[PDB]
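Novice: Residues per chain are reported as follows:
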Amino acid sequence: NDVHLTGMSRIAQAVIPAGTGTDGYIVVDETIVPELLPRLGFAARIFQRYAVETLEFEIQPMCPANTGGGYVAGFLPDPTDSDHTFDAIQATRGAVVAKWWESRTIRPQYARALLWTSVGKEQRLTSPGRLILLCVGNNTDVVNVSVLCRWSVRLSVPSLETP
Amino acid sequence: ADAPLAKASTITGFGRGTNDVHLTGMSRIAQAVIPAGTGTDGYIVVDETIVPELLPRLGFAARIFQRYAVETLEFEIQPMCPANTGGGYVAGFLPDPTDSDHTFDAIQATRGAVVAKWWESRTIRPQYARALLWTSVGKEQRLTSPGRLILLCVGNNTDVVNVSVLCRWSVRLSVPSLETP
Amino acid sequence: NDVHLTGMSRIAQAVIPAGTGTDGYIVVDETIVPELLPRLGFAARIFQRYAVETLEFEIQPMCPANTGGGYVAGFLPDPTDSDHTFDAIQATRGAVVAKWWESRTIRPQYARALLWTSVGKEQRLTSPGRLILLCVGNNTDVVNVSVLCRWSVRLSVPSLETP
Amino acid sequence: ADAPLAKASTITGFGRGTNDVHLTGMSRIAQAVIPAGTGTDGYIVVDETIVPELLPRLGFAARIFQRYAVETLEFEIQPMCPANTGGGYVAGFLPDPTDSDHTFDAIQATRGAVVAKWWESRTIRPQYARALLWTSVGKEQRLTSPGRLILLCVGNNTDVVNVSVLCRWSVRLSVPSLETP
Amino acid sequence: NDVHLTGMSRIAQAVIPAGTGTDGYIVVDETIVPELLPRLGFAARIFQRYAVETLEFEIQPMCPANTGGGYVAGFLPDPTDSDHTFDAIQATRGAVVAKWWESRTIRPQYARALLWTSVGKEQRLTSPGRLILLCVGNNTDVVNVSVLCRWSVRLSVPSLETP
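Protein chains in written order, with my numbering: chain X, 1 to 163; chain S, 1 to 181; chain A, 1 to 163; chain Z, 1 to 181; chain R, 1 to 163.
Isolated chain X (complex conformation):
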């Protein structure tokens, strides 16, 4: 009928050797589809329609304190296929920027419409935006960032997919 899930889950993880990662180097650009969240990924294989109530992100990077580069992150509510720059992430509401040893918190501005789980011909009805984390400095040592999520959603209309 109608549920209300919470959770906290890894979205993605990337590793960067030294020398790589000038300004504008995209570390991770992935849309918020149910296939990426693990516990919602098993729960959106049941239902059909969900609507996010609150949704927040944390970056949680892991490097020694002698790194001396930095990152920027944001949340773009166009799930298009072209925003690869610093200035699109500058404009948005709830963006963060810090050095590589510091964790910050993205409090985005989502859509609060009512979406679908499966794929379709239109992209705007199945994912409420994109996360983009791109390096702004030029790092010294190997970093290892591990972005988290904090999702709360209200899945309904029971079915079953065959992915």
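Derived from the structure by calculation, the hints contain no laboratory data.
For every residue, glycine included, the Cβ atom is placed at its ideal position computed from N, Cα and C.
Heads up, some of the hints might be wrong.
Said to hold, decoys possible - Straight-line alpha carbon distances no greater than 25 Å define the calculated DSS-like cross-link-like pairs of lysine-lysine that follow:
{"id": "1", "chain 1": "S", "residue 1": "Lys7", "chain 2": "Z", "residue 2": "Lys117"}
{"id": "2", "chain 1": "Z", "residue 1": "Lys139", "chain 2": "R", "residue 2": "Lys121"}
{"id": "3", "chain 1": "A", "residue 1": "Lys121", "chain 2": "S", "residue 2": "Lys139"}
{"id": "4", "chain 1": "X", "residue 1": "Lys99", "chain 2": "Z", "residue 2": "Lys7"}
Unchecked claim - Across the chosen pairs, the derived CB separations fall in these ranges:
{"id": "5", "chain 1": "A", "residue 1": "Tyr25", "chain 2": "Z", "residue 2": "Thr98", "range": "31 to 39 Å"}
{"id": "6", "chain 1": "S", "residue 1": "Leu143", "chain 2": "X", "residue 2": "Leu114", "range": "43 to 51 Å"}
{"id": "7", "chain 1": "A", "residue 1": "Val157", "chain 2": "S", "residue 2": "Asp101", "range": "28 to 36 Å"}
{"id": "8", "chain 1": "R", "residue 1": "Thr162", "chain 2": "Z", "residue 2": "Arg67", "range": "29 to 37 Å"}
{"id": "9", "chain 1": "A", "residue 1": "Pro163", "chain 2": "S", "residue 2": "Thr10", "range": "40 to 48 Å"}
Following the hints, complete the assembly by docking chains S, A, Z and R onto the known chain X.
Specialist: This is chains S, A, Z and R only, laid out in the frame that chain X set:
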């Protein structure tokens, strides 16, 4: 008075032992060391169930009583290395005393799980079972241990790390007996 | 649906010749399973789950007054397979000790959980403890002890076993 | 906030165990049997010191704590034979844990000593040391055991007697530790 | 007749090269006898009986901040000859644990009886416990710990020893 065939036994208070105790404290669980280079993501540092044996003052006092019920139970991680390490860890608490959960996704999912770098210590406020368990061993594990602690590394540490997890327990042992371990 | 039985029934009976029965000699060690009580044995072949409300024991030994040994009894809420000594029965709540011509009353401390009737892989869910009656003296003549019970239980969830 | 060389260890409650417990109960001390004809006057039936080992639930709980202080301590004799025996006994309690008092005159002299026939049971309300002792063994005996129980026959019994002495103890173990016996 | 001394004094000092000192490695295990404290050592060669009023310890380790091991300490009021482990120090009241660059404060639970100064056949009457400081990590560089004390005592009954 006069003299019968046998006077009755005057053992008055027989089998009237103590009933309710409250033991608290803090004791470690386990401790390991990892050389440099070893310890990629998913490498299990420590996985030891909370049986009353690993808490040492409780295990000498649960050999008397039969049943215990954990009132408050918290954990502290305390890694020991300078701020030039740069790997990380993830800690959790899984109330299954089963034998297959070895991934980052299972540990992050539970309630009150933490993740931090090797030069930073965190604190677990877990979701324990709050039931009333047994002390002696048996065939089924789900009645004698309120879960497992699993701690595993997530990065690739640079120097030698040295973690030492602890445990702040409080319990209310009752129903007196004495067993043989 | 839900019943409430009472009763009073023989658990076991043993006989001891002269010379036998030093201290620590087990006369009867049997768990409280429904197969031992007679009227509950016919009634727990119907239902599946029972929960004891009140349960008490009496020893009722029968010997002439020139016996001059004694016994101890108790109730151990571990239905394990190893407690054969005096000191495990010493510790428990509601133990008794008297000479062979005297009856005493065990008022135990049971579990008040909700158990099963049939057998299973785990022993703790099918029997709320053990009765142990062991001689503490070194008797003179032939005794004949006959322990009783006084059980009250609330059987439910109807089925039928095939023992 | 900013990033230092090493964050301080946040182990908050370390070494804050329980302090005061009160254990009571009843447990036997020893038990013997005497054939007919044996057991003239002065024959020692039972002579065993009250070390915490002979009380079995206390000995599994004094392996934690360091010091105990006996609050109340009483004894019950309970012989088992019919009224055709006609010998006797004498019971006492000597607060020396030494090793030479084997006569009727030493046992009758103490406070709260009893004497009766074999078909009658009595009760000892002794004069214990009421100090604050230790639990582990050492060179000196006078700091770890609050006296001895000595019971010996006084007549010449006719049939087989069978005595079974008991002990009603209550104690207040404290100052937590853990030893190795 | 009766005095009241205070003070602050070195108990012991040890040095540990790199590689040595795994978990359970005893750095210093010495009883609190008057022969170890310096100012009380000259004052307990006068009198015979003392009784500690307040007595506290500090660890004061000295190493660069890149050490990354740690220690544990405590106070065991058995002056026996066998407690060499972590778990005996875990149980006691007023134990401390920190990394090698950090000083902590032991506030023990002593005996407050009235003791002797000289040696004797029994150990329990001449020393109110033991200090045990043992490494719990596996250190990187050379540390140099220097434990202190803070003793206050009330010596009496004048005599003179010949050690």
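Novice: Work down the list of hints and note, for each, if the structure agrees.
Specialist: Evaluation of the provided hints:
no.	hint	in the structure
1	S/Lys7 - Z/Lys117	holds (11 Å)
2	Z/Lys139 - R/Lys121	holds (7 Å)
3	A/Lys121 - S/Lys139	holds (7 Å)
4	X/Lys99 - Z/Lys7	holds (19 Å)
5	A/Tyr25 - Z/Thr98: 31 to 39 Å	holds (36 Å)
6	S/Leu143 - X/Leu114: 43 to 51 Å	holds (45 Å)
7	A/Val157 - S/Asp101: 28 to 36 Å	holds (34 Å)
8	R/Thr162 - Z/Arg67: 29 to 37 Å	holds (34 Å)
9	A/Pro163 - S/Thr10: 40 to 48 Å	holds (46 Å)
In summary, this structure violates none of the numbered hints.
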